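Visitor: Listed below, chain by chain, are the residues.
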Amino acid sequence: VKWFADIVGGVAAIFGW
Amino acid sequence: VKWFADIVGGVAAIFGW
Amino acid sequence: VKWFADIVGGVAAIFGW
Amino acid sequence: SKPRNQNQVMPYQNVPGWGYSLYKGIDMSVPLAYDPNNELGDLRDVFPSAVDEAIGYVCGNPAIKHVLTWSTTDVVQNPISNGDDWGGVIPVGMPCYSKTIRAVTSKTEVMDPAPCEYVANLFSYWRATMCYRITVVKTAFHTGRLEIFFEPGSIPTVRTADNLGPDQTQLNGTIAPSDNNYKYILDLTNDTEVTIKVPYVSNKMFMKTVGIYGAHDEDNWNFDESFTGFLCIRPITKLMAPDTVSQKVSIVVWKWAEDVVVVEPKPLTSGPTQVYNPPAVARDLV
Amino acid sequence: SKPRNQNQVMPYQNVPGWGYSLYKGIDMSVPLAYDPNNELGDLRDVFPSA
Amino acid sequence: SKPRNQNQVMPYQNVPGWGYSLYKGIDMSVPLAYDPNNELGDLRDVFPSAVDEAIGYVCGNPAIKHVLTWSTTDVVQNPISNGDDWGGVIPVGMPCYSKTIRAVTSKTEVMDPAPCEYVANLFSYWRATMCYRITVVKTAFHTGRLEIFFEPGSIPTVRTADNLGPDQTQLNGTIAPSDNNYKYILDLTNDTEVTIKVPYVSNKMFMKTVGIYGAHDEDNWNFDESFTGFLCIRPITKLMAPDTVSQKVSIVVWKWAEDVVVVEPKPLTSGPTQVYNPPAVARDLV
Amino acid sequence: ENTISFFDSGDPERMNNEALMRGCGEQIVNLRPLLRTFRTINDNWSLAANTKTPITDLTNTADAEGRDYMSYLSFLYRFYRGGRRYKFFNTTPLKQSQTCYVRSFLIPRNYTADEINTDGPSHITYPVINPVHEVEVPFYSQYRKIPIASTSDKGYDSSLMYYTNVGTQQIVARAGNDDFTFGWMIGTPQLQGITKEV
Amino acid sequence: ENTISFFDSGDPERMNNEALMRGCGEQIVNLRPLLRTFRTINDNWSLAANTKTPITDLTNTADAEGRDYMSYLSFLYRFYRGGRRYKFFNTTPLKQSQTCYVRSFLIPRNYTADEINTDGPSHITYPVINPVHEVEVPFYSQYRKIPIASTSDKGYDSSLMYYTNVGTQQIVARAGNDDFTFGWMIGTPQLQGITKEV
Amino acid sequence: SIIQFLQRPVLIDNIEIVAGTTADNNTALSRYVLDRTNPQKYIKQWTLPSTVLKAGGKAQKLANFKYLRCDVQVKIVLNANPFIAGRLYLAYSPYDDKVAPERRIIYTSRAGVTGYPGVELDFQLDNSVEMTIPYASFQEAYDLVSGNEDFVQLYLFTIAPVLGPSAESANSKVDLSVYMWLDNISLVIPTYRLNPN
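Chains as they are written, first to last, in the UniProt record's numbering: chain B, 241 to 257; chain F, 241 to 257; chain U, 241 to 257; chain R, 381 to 433, 435 to 485, 491 to 672; chain A, 381 to 430; chain E, 381 to 433, 435 to 485, 491 to 672; chain S, 689 to 886; chain Z, 689 to 886; chain P, 61 to 257.
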């Protein structure tokens, strides 16, 4: 569920950081 | 904002340490 | 002041440890 | 005064990269300035965007694929071969499906993609709902009931020696009608603009993204697997318009995907990406 | 403004494997995608097993 | 009594530097004494400074650039070519703008910089407000209204084959007047000292720092980009002074920048820095 | 503006967010992270010895084929606001006793390496010890942004000035800096693929 | 003392402190940090074997050209109160089987390496394993400060006495120690640039 | 009172296009573009913002000024007869005249073109439209005394050629009208050097 925990918190990684 | 947090606190780095 | 903090506390380093 | 090291030995496998194709980690790279902390702003007034670079922003961006001319000679329940090479059918799916051949012979291939197609050529598998804007260009006089119907899976097509295209005979109002097929009967009196939203359904979870790449008579396989199905327009009625005005109208079909997702970047294209560079002269090679 | 390293020397025995026949440990391997965190589900509806 | 290591393998890319041009980090260097902790004091009584080595302390340090002699023959609204080679104009900006040629031929170039200019030759881009001290040397008799006006951007100049300089014809009271130009009309009765403060405005955020370096007939480009504009003195009135005293006075223009900032150290100079070493003999080469 | 929908499919962001844990270890939602992933452009780039060779002289026949993402995606947009990490691997037959010390510098884009004083920040790596070179050239231009590829770039940005001492063959890769994105959105180019002589 | 201002510009320390996050990853406000950044002075300095060679014999035709900052800035000032980290890289063709053990020592400035007992602190690095040498010679003089370059320095400070065992070519760099600054402020020198034979 | 003359429209060109023709006013966005000898035929490339200023007598205003930052507006008015039916697409690509052709709106497909930011336009429903082309420059602000670095090209393109009666006897023509003004205005710096053009 890890990446599915970040995609839901909209963390600053997915957007390219 | 990182370096902009140190330049405003006048930390001992910018002055050459 | 670092070494001047140890020389005043007489830490166990200066004496050879 | 000075002790030994009550530590262990730290194994080490000399490996500089340990990640050069993945998108997060300490880079072991070097910046060319004093501070490695040179990090810039959050794009205030830098350029007019909310967020541009969100696939939902590009696959939510519309782009025409092909126009279709419908004259009042084209018969009911027979698709429109006038306006393109795809007979009026449209293989639904993010990957590209159109390509022509430029010659001197050499016979290189050329495409005409949209963003929804421009991305998937960059990846391997895909999953997404599509959205097709259907706009008829006409007056308040050109009238006629137009049927748009979906058919899942492969298509009756023509496997050309170098290119690929459809088959118009297998689509008549008798062979594959639209009663036992999802349907929409658009009237043309005054309600024209449409935006069909197709979810994604198929036996296999994802789908490849070669589409028509390297497609020809023999190697049409991935194409048949890279498209859940196809829409197919077929008039219910012959275009009704007096000779006082044009006896034919035009149709435009945009394209953009919602709820999109993809899997792996290395695309299934036989070769790497070599974008077409419009040459110096029409004859000059690439 | 910039100090030296008041650290020690870290021994190192170049040994890539240090475990290739055992069943737990940091693998030092590489995944071929962006995120090494590609971890899948707990096998719900994947196939009929307890 | 003795366990194994339940650890992992620690990757390692043998790279000694990983930072030798940046200004903070564990140096991996070695000090030549017992303790690496040899750190000195905070400069109490070591030498008379508050803080010397603060660009605002050096760019806040004034330095003459050139003196201009104004005789009572020089006509109204025509700049002063007497006292320098820059016609009385002064390209505003931190980078340097003056250079002559020393010969045996060889024809090396030589400069005459100030701190405000001595720094920017050490970097690439710049952004700063400037401050020009204008001091007239005269009695209480030498009187005349003197106009100082700013003009943004490039200049009507003369692109010499080896050096660069201004053009005096394009500055008459008709061609580029000072009504639609920021202005200051200094009187010379008793109020003489002035200190103009020019903020920084330009279409581009920063500006290069080559100025006149490697500048000549052809390669004047960076010069036109390395100066937001220029000030230009032009008398409103012919110097009013009786023959009882000098029929000419002198003007001095200092220079120092406030609110300064710079970007990258590698300067845009064609070659590296080779400071002029006054040679053994006037003819001896460098 | 009638817009209809077929198949009465359940929440699409219920199947995919489920149908990646079955099929895809990674769950991609942005697109910018591609520019943080190095995938190669060249595979030989046979270089020359003791000749500081800029990189623009290479990456001009690089943003014309899309062999990477930092180019394929360029067309979609027009601007950029970040630095381009350039990683350089070696493949040269260095079975010899010489000491390779491939060296990198900083040069403004579209400068030809002859009108430059080659000082300032740098880097030196040895392929005999470390067959990589992983600089992170930042964005030291003076403008909010930059057109992707125009002809007016007489110093509006920074570049590399890759230096070497030997005749070498290199592998290359380039993604972008942690603050490297693109500007506006525009349409799409035309693509060519496989060709069949005859 | 009338001093006026143009352009009614907003807070300058509102645009720049903003207009570095758009243009400059780094936000420089001091100047001393330059002396913590190693940028090179020489690029060959071909040395000789088994001849302990001091460094002053090199860094005398180094503080006369400004090819670095520790010299270019010297002129601005007159004094200094810190140590000069000297980093030495190798480029010698050591394709051989010999063992290079380049060794460094400590010598008072302006001593000629012949009137010395070469003992005390030292360092030894092997280029075949580590083509660097990164000593941090501290400030062991006996005076508050020191003129930048005079002729009366018969032991008023410490230096290197770089030793080697082979005929070598080295790259060099020097910035300064964590407590290396300058003294008074003074004016500026004259600069020469490009020359055009004819 | 100081700028609003800028924020006051101006007519650029009054255009007409007739049925049956086969010229630059037709050939709507060739599906493919193989050669630069047969690119997509446009209608009227406007190299904004210049063409705006040099008209509407606004230049006389911009005189004695140097720098500018302005997002331009547009208003297309269209008046054709119900017996006509067609569709066009307006689009703007910055620096399209200062960039390699492989990326230009020209030498590019119909799909990509219509993917460029802009808007469609019908002759019956969207009789009149507008648009806001923002400050597309990449520098502090646009210069005026130079007037050479026009940072945009406003490309007009068609989708479906004009369509009318079978007889198409000279009455199956349409007519256009373009208006332009500027918003988000900023006049900053004076000078005496004036763009004579």
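In short, the hints are calculated from the structure, not lab data.
All C-beta atoms, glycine included, are put in the ideal place defined by N, C-alpha and C.
Be aware that a few hints might be false.
Here are the simulated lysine-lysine pairs, BS3-like style, with alpha carbons at most 27 Å apart [stated by the list, open to error]: (1) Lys-590/E <-> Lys-158/P; (2) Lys-569/E <-> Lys-118/P; (3) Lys-583/E <-> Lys-569/E.
Every beta carbon over 12 Å from chain B, so not counted as near; a handful from chain S, in silico [as the list claims (entries may be wrong)]: (4) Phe-694; (5) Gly-713; (6) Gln-715; (7) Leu-735; (8) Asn-818; (9) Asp-867; (10) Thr-869; (11) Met-873.
Visitor: Which hints from the list above does the structure break, by number from lowest to highest?
Guide: 5, 6, 9 and 10
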